[PDB]
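Q: Chain by chain, the residues run as shown.
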Amino acid sequence: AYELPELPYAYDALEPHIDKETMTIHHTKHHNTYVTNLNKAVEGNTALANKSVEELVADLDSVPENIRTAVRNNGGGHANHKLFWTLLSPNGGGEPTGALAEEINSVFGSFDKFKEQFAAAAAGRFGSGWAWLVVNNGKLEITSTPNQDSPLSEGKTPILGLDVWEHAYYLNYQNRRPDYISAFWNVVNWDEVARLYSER
Amino acid sequence: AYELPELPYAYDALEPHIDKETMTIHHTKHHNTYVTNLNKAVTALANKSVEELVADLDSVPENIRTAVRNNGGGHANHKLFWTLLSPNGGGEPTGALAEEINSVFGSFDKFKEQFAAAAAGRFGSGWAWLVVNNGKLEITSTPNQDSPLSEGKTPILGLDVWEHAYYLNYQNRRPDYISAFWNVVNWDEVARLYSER
Ligand SMILES: [Mn+2]
Ligand SMILES: [Mn+2]
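So the sequence lines, in the order shown, correspond to chains A and B.
Under UniProt numbering, think of the first position of the first sequence as 2, with each following residue one higher.
Numbers 2 to 43, 47 to 201, taken from UniProt numbering, label the letters of the second sequence in order.
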C-alpha cells in the first residue's frame, strides 16, 4: 500500500536549475508509475507489504523470484525518487556544515574534491542510473548504480543521490548531462543530507 | 578512423513521427560523441569495421574493452538505425520477408505486438531488435549500447529506446513513440538485410 509522496515545494520552485515541466512529469508520471507497479507486485504478500520501501529493497534475496525483478525495478524506483525529492530545495545550495562537512573533508580532502569526484561518477554512468554518496561500514564513499538499483541492496546507506536517467534532464539540458550535474549543486539541501548522515 | 555517416534524408523528413530537433541532436551530438570516443579508445582494431569490432570484444584489450563496447556499440547501432528509417517508409513488409514474419509470428500485427512489448519492456536504456539467429527470426532487446552482433546474431530491424530518442516529443509516452515508429520503417531495407543474413 505504498503511496506517491507530495513534494516539499512547488513544481516550479527549482527553476531554472530544474524546469517545471520536468518536475511535473518526473513526479506525476515516472515516480507514480513505479508506485503503481510496486503495489501490484507485492499485492497479496502481506509480509513484504508491511515493510517500508527501503527495508524491502534492502533484502531482495527475501523476495520471491517470480516478482523479484518487479520489486527491484519498481521498489528501487520508489525508494530512489522518494529520497531524491527530499534532497532538493529552492533555498538549498552552498556547502555542508557540522560533522558531515568534517567527514567530507577528511575522506575526500575538501568539498570541492568531493564535488569533482561525485560529478565524475554521475557523468561516467553509461546508460540510465544514479550517482550516490553513501555510508558504507560507517565510512563515506561515492558510488553509482544502473537503472533503479539501490545501494541499500548492498548494505550501503545513501545520504545523497543524483538521478542521471535522461528523463531527469533532457527537456532542459538535452545531451548536456555535465551542465545538469553542475546545476544540481544549486538545489541540494545539505541540511537534509546532514540529517540522513547522522541517522546513517 | 571512424567517421559519422550522413543521414539519407533531411533532419525534418520524419516529422511528425520524429521531430527535427531530436533528429538533429541525436545525430550531431549523441552519435557524433560515440564516434569521437570510439576513435580515442582505438592499432589493428582500426582497420576492422565497427561491426566486426563489436562482433568480438573478447579480442579487444581489456583496458579499453568497455570504451569499445559502449562507443563501438553506439556507433554500430546508430549507423544501422538511420538506414532503417525513411520519409517514404511505413506500410507493411512484403515478399519473402513478409512470408517469414507471418510464419514465425503468425501475422504482421502479431509481430508488431511482440516487438512493441519488447521495446516497452526494456527497463532503462537500450534497444529492441528483430534478428536472424542461425537463420531464424527472433525478437530481442539489449541494454545500453549492447549489440546482438556480440552474440552471433544479425540485426535486421532495431528501435532505439534510450529516452533521448523520444523525450522531446513524447516525454514519458514511450508506447506512443513505438507506435509512431511503424510509420517510418523502411521495409525494403529490412528485407534486403534479411536476404543477406
Ligand atoms: Mn527519475
Ligand atoms: Mn540513440
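If you're looking for bench data, these hints aren't it; they were derived computationally from the structure.
Note that beta-carbon positions come from the ideal geometry of N, C-alpha and C, so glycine has one too.
Just to be clear, a hint being listed does not mean it is correct.
Unchecked claim - Estimated spans, in silico, between C-beta atoms of each pair:
no., chain 1, residue 1, chain 2, residue 2, range
1, B, 196, A, 92, 39 to 47 Å
2, A, 45, B, 7, 50 to 58 Å
3, A, 124, B, 144, 26 to 34 Å
Stated by the list, open to error - Some chain B residues well away from chain A (every beta-carbon gap over 12 Å; in silico):
no., residue
4, 9
5, 10
6, 22
7, 23
8, 33
9, 40
10, 47
11, 51
12, 87
13, 91
14, 114
15, 130
16, 167
17, 172
18, 176
19, 199
To be verified - Below, simulated EDC-like cross-link-like pairs (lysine to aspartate or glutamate); rule was C-alpha separation at most 16 Å, straight line:
no., chain 1, residue 1, chain 2, residue 2
20, B, 157, B, 142
21, A, 30, B, 180
22, A, 114, A, 104
23, A, 140, A, 150
24, B, 30, A, 180
25, A, 83, A, 150
Q: Confirm or reject each hint.
A: Against the structure, the hints come out as follows:
{"no.": "1", "hint": "196(B) to 92(A): 39 to 47 Å", "result": "violated (59 Å)"}
{"no.": "2", "hint": "45(A) to 7(B): 50 to 58 Å", "result": "holds (55 Å)"}
{"no.": "3", "hint": "124(A) to 144(B): 26 to 34 Å", "result": "holds (29 Å)"}
{"no.": "4", "hint": "9", "result": "holds (23 Å)"}
{"no.": "5", "hint": "10", "result": "holds (21 Å)"}
{"no.": "6", "hint": "22", "result": "violated (9 Å)"}
{"no.": "7", "hint": "23", "result": "violated (9 Å)"}
{"no.": "8", "hint": "33", "result": "violated (10 Å)"}
{"no.": "9", "hint": "40", "result": "holds (17 Å)"}
{"no.": "10", "hint": "47", "result": "holds (24 Å)"}
{"no.": "11", "hint": "51", "result": "holds (26 Å)"}
{"no.": "12", "hint": "87", "result": "holds (22 Å)"}
{"no.": "13", "hint": "91", "result": "holds (24 Å)"}
{"no.": "14", "hint": "114", "result": "holds (25 Å)"}
{"no.": "15", "hint": "130", "result": "violated (8 Å)"}
{"no.": "16", "hint": "167", "result": "violated (4 Å)"}
{"no.": "17", "hint": "172", "result": "violated (7 Å)"}
{"no.": "18", "hint": "176", "result": "violated (4 Å)"}
{"no.": "19", "hint": "199", "result": "holds (33 Å)"}
{"no.": "20", "hint": "157(B) to 142(B)", "result": "holds (10 Å)"}
{"no.": "21", "hint": "30(A) to 180(B)", "result": "holds (15 Å)"}
{"no.": "22", "hint": "114(A) to 104(A)", "result": "holds (13 Å)"}
{"no.": "23", "hint": "140(A) to 150(A)", "result": "violated (20 Å)"}
{"no.": "24", "hint": "30(B) to 180(A)", "result": "holds (15 Å)"}
{"no.": "25", "hint": "83(A) to 150(A)", "result": "holds (14 Å)"}
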